[PDB]
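Student: Take a look at the letters that make up each chain.
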Amino acid sequence: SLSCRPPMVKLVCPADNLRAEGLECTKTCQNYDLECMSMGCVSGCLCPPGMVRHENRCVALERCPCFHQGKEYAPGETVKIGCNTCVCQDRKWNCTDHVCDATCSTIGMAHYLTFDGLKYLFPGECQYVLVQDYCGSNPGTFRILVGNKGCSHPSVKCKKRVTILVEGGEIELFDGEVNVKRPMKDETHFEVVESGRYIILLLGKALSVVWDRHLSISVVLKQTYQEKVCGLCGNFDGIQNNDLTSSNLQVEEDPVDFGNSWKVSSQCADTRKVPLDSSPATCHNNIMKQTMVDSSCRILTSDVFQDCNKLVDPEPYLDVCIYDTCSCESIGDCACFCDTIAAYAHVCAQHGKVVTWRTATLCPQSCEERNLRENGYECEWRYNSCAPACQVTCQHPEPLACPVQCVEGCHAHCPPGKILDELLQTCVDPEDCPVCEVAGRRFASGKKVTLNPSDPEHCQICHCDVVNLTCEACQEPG
Amino acid sequence: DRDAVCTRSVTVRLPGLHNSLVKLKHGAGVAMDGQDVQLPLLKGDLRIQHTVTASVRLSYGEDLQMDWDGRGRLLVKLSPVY
Ligand SMILES: *[C@@H]1O[C@H](CO)[C@@H](O)[C@H](O)[C@H]1NC(C)=O
Ligand SMILES: [Ca+2]
Ligand SMILES: [Ca+2]
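First to last, the sequence lines map onto chains Z and Y. For the first sequence, counting from 1, position 326 maps to 1089 in the entry's author numbering; every step adds exactly one. For the second sequence, counting from 1, position 41 maps to 475 in the entry's author numbering; every step adds exactly one.
Chain Y on its own, in the form it takes in the complex:
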């Protein structure tokens, strides 16, 4: 159908760290700057880990969360500082 437009991927960009570029892929996969990565990924600020072992969760600082973009159910949590 033409009335069926789902989300495939989402791209996150953190100018605070390297001006990097995270990418949540159509699976539960993540790819920083082209490089696939094993979870967890404790860098300084951002943590990426599974939740139920079937869904990724980004957490930059204490003012940002995310959720799985595998089959297209992205979420965000923005704290009142924004």
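Excised from the complex, chain Z in its bound form:
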């Protein structure tokens, strides 16, 4: 026998009460709110009613911690999930209600991640509405589109084309560079930040686009809309199982019939319902190769990603890896593999987990060619794992609205007292920037915009091309 410790007292099943909830229903901090079964008690020694067990210690107060990710948190401690803080006041977490900024994506050649979060498979070869606002009963501001060619089977083929239609404009991009076919009216909101491996691209107060120069399309929207959009990315409502509402206003179950509803050209070819299987074409009846690809896609579950695997589930981003690089016949460029992992590392970076997964025998990404135009090798460009995308330059000296915390790619780093310009590849002292300050106030480096349309009598316009301290005369309407 053993006389149990002082802090608790022994119990005895009474012969009358069936409700002998004693030793069997030992209330710990997990199972207090939970309701328990019990036949009869036992010859144990249970804590008093005013306290509970806690890891071989009958913690007295009802102050015991508030678990998340299987980790302790004392009362008062906070956690940051998304753009919200949250503190378990008593015994439940107490979170804010600031809805965060959602993000489409195109992980690989043929996959799509909606705003609310829904990976699905859609191999197409026509042009498709990725997201828009002219949906049902709305004005119809922007109509981002996407268009693929030779991309039903992922390979070194499948260059994407993207035509974004905002403010009566037509700016589009493919083959590395961005092209303006029709400039839009309010040029003030326009912006282009070619920082690193990406093309960050703002379009307004509540819209942004990102493009890795190869395939990815990550449009970022703000809290403004909240069920005002539709397209292949869904409606942005929080409900995660109504992101397959086709153009004909009904939910479908098979995504290959969904995106066929969103094609622009209603007379091109609608894609074919593929017979479902775990092995794509190359990995079909090639079980040897199917394992060499599976193992190499376990880099997504490796010692270097262990921090992020607890935050972001890798199972979506692994299914894309096995799908793409089976179908892809990678020969000279191993980009259909190295781009599916970078898409996972960037999502890990947005949640504050910078990662260095890239070595010399795996997806090297040199940066030595930018340090070549000068005969003297100054060596300022470097591959930095995740550096800020929104910095100050001769072309964009002011700080911009920054939808992306940091990004991969080649970044120019040199000692302070020098600021980067892209035309002259190196960094240069600030005075060499064509910066503009007309009549005193601080603004950009001479944007090509006609300020002050509102009042005729106060039409006091002052442009600046590069350096000139000039002001132009307004043409009177009379």
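Take these hints with a grain of salt, some might be off.
[As the list claims (entries may be wrong)] Keeping only pairs whose Cα atoms sit at most 27 Å apart, straight-line, the calculated DSSO-like set for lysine-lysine is: (1) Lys-457/Y - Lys-790/Z; (2) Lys-1036/Z - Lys-1052/Z; (3) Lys-790/Z - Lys-459/Y; (4) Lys-477/Y - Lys-511/Y.
If you are wondering where the hints come from, they were derived from the structure by calculation, not from laboratory data.
Dock chain Y with the ligands against chain Z, hints included.
Tutor: Just chain Y with the ligands now, with coordinates in the frame of chain Z:
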């Protein structure tokens, strides 16, 4: 194997009637408060009866159904009042 974890039993609890405790056992058997029972079991609200004579079906009120937990294929039907 360690990756093989099937369901053996399920326990239902109705605070509306006696605060009873139904138990669906690894066969097609049911046991209310320790007592095995022959099916059907028309109490006031809950009905328990076989379906094909190889599977039990609980039905509490008009807002709850169940299915057999013999070899582990439990179901539920919750009406929109929940
Ligand atoms: C959550 O915090 C709010 C604001 O301080 C407070 O009013 C509320 O009682 C808290 N709720 C819980 C469950 O702790
Ligand atoms: Ca939705
Ligand atoms: Ca921070």
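Student: Does each hint fit the structure? Answer for all of them.
Tutor: Hints, one by one, checked against the model:
no.: 1; hint: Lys-457/Y - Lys-790/Z; in the structure: 22 Å, holds
no.: 2; hint: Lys-1036/Z - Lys-1052/Z; in the structure: 25 Å, holds
no.: 3; hint: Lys-790/Z - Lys-459/Y; in the structure: 26 Å, holds
no.: 4; hint: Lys-477/Y - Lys-511/Y; in the structure: 20 Å, holds
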